Structure formats: C-alpha cells, structure tokens
Amino acid sequence: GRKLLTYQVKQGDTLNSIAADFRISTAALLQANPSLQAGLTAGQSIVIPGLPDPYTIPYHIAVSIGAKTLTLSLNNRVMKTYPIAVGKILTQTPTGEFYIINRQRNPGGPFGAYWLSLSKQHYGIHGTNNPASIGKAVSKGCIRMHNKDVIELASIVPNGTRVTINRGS
Amino acid sequence: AXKX
Amino acid sequence: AXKX
Amino acid sequence: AXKX
Amino acid sequence: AXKX
Amino acid sequence: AXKX
Amino acid sequence: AXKX
Numbered sequence: 001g002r003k004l005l006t007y008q009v010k011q012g013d014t015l016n017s018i019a020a021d022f023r024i025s026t027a028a029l030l031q032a033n034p035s036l037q038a039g040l041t042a043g044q045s046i047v048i049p050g051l052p053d054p055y056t057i058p059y060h061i062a063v064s065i066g067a068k069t070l071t072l073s074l075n076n077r078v079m080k081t082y083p084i085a086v087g088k089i090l091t092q093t094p095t096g097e098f099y100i101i102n103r104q105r106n107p108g109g110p111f112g113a114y115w116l117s118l119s120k121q122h123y124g125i126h127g128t129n130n131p132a133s134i135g136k137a138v139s140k141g142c143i144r145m146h147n148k149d150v151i152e153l154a155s156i157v158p159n160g161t162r163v164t165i166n167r168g169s
Numbered sequence: 027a028x029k030x
Numbered sequence: 021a022x023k024x
Numbered sequence: 009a010x011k012x
Numbered sequence: 003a004x005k006x
Numbered sequence: 033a034x035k036x
Numbered sequence: 015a016x017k018x
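Line by line, the protein sequences are chains A, F, E, C, B, G and D. Quick note on PDB author numbering: the first sequence kicks off at 1 and runs consecutively. Quick note on PDB author numbering: the second sequence kicks off at 27 and runs consecutively. Quick note on PDB author numbering: the third sequence kicks off at 21 and runs consecutively. Quick note on PDB author numbering: the fourth sequence kicks off at 9 and runs consecutively. Quick note on PDB author numbering: the fifth sequence kicks off at 3 and runs consecutively. Quick note on PDB author numbering: the sixth sequence kicks off at 33 and runs consecutively. Quick note on PDB author numbering: the seventh sequence kicks off at 15 and runs consecutively.
Pulled out of the complex, with its shape left as it was, chain A reads as follows:
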C-alpha cells in the first residue's frame, strides 16, 4: 500500500496555477488524476505524486495568527511553541489547512537557510536574515521564523506535515 497525500480542490483554481504553486509536474497531476484533463472537480480529493500521507505524520503544526506563534505537537501532544511572523495574507484563512509540498535546503540567499514550501506560495514558512521581523505581523510576507527554528522544524517534521493556520479569532 502506498499512502500518498490527498489535496481537496475547488471550482475556480486553474490547474496550471495548482501545478505551479505546488512545484510539481503538470503531467504528473494528470497521471495520478486523469480526470483533471477533462475538468476540475470541485470537492474532489486529488492525489499528489511525491507527497506522503498527512495523517501518517505524527507531527501537528498549529499556527496561531493572533498569537503569532507556531505550536508543534508531537503525537497530538504539544512539544514546543515558537514565535513566528505572519502577513495580511495569513489572516485571510480562518482554518488554513495546508500541507508541506517540499523543503528547499540551502538556497544560498537570505531566505533563512531553509525554505518550507506549503500548499500556497504566500503561506509558506522560512527563516530570514533579520530575526527582528519575526514575532510581529508583516504587510504581505509569508510565514517567517528564526534561523534555528526553521532548522529544528525541518529536522523534526517531514513532508506532507499538516500545518493548521488558525487565526485564533
């Protein structure tokens, strides 16, 4: 048995945009889900080739927008809580149920050592070159954490990890 990730799509999201945002092959999407080439079925759980099952992952990331913090829960038990930075785009999602699609290791630039690609380019998590910008709200930036925090997270959590971006209010 090969337990893979399952993403739920809606009606309006362009297939090309989905493949691009997910950084995956468009052909692979049609490979796992041959119905996509015909039409976008809203409410259907599509299979993402290369992504593991998000329930098998014994790590739950509970993001709190109003508290600007990331609650890392191991086996449904809170293990650590680190301060994070969120943008106006993060306040949009009330539930924010997203999964990690891939993780970039050492981009060379001021990305913060590591880059965690989520199911949305503006809802992704990464470090930074200025830790003073962490813990507060930013204009239109993505989820930012400390250099050590993202390193710790990338070591504890794998791929497909369920990040729940809750506003808290």
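None of these hints come from the bench; they were simulated from the model. Any given hint might turn out to be false.
When the alpha-carbon atoms are kept at most 25 Å apart in a straight line, the in silico SDA-like pairs for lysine to any residue are as follows [unchecked claim]: (1) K11/C / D13/A; (2) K35/G / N16/A; (3) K23/E / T128/A; (4) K23/E / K17/D; (5) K68/A / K120/A; (6) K23/E / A38/A; (7) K17/D / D13/A; (8) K35/G / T128/A; (9) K35/G / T14/A.
With chain A fixed as given, assemble chains F, E, C, B, G and D onto it according to the hints.
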C-alpha cells in the same frame, strides 16, 4: 500567490 | 473566488 | 476519510 | 493508490 | 522563475 | 477540517 507568490514564494519567499 | 472566481461566476460559473 | 482518515483512521488506523 | 492503484498494477498490481 | 522559482529550482529546487 | 471542518462540515458544509
């Protein structure tokens, strides 16, 4: 959306 | 967010 | 659905 | 998933 | 334009 | 998660 986007990225960094 | 986008008629039908 | 998703549990064991 | 699913040849098998 | 955004490899990895 | 989340029921419609």
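For each hint, the structure was consulted:
1. Distance check on the hinted pair: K11/C and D13/A sit about 29 Å apart at the alpha-carbon level, beyond 25 Å; violated.
2. The suggested pairing of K35/G with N16/A holds, with an alpha-carbon distance near 17 Å, which does not exceed 25 Å.
3. For the suggested pair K23/E and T128/A, the alpha carbons sit about 39 Å apart, so the restraint of at most 25 Å is broken.
4. A C-alpha spacing of about 23 Å is found between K23/E and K17/D, which places the hinted pair at or below 25 Å, so the restraint holds.
5. Restraint check for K68/A and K120/A: the C-alpha separation of about 19 Å stays at or below 25 Å, so the hint holds.
6. A threshold of 25 Å between alpha carbons decides the hint, and for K23/E with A38/A the separation of about 19 Å falls inside it, so the pair holds.
7. Straight-line distance between C-alpha atoms of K17/D and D13/A comes to about 21 Å, which keeps the hinted pair within the 25 Å bound.
8. Using a Cα cut-off of 25 Å, the hinted pair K35/G and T128/A holds, with the two alpha carbons roughly 19 Å apart.
9. At most 25 Å may separate the alpha-carbon atoms for a hinted pair to count; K35/G and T14/A meet this at roughly 22 Å.
Comparing the model with each numbered hint stated earlier shows that hints 1 and 3 do not hold.
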